[PDB]
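Visitor: Dock chain B against the given chain A, drawing on the hints supplied.
Take a look at the letters that make up each chain.
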Amino acid sequence: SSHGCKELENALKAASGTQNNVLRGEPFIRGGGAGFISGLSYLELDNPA
Amino acid sequence: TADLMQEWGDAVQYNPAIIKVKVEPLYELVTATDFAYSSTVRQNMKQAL
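The listed protein sequences correspond, in order, to chains A and B. So the first sequence is numbered by UniProt numbering: it starts at 349 and just counts up by one. So the second sequence is numbered by UniProt numbering: it starts at 445 and just counts up by one.
Excised from the complex, chain A in its bound form:
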């Protein structure tokens, strides 16, 4: 009797991820009291209006 095995495994798990997140905005105001100008022109991201 005689016997012989050859056995092989090869595995490749590549992966990747990316994310680009960009936000911009520019309130602009003319007229009105400078305190109300600054208080409104500051961009509230939850209410850009």
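Worth flagging that the hints you see were computed from the coordinates, not collected in a lab. Here a beta-carbon is modelled for each residue, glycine too, at the ideal position from N, C-alpha and C. Not one of these hints is a red herring.
One-sided excerpt, in silico: chain A residues whose CB lies under 7 Å from chain B: (1) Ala382; (2) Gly383; (3) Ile385; (4) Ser386; (5) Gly387; (6) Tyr390.
Chain A is nowhere near these chain B residues, computed Cβ spacing over 10 Å in every case: (7) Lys464; (8) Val465; (9) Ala492; (10) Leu493.
Guide: For chain B alone, kept in the frame of chain A given last:
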């Protein structure tokens, strides 16, 4: 917070900074209505500057 932006802008009215400036060189103040020999003093300043 937009409150402190409003408060800052309100305070700026009373103690503002200078954002844009336009200037003339100081020798343009040396005027014969104030100083004798004013042309010579002026030209001296022009060099010294």
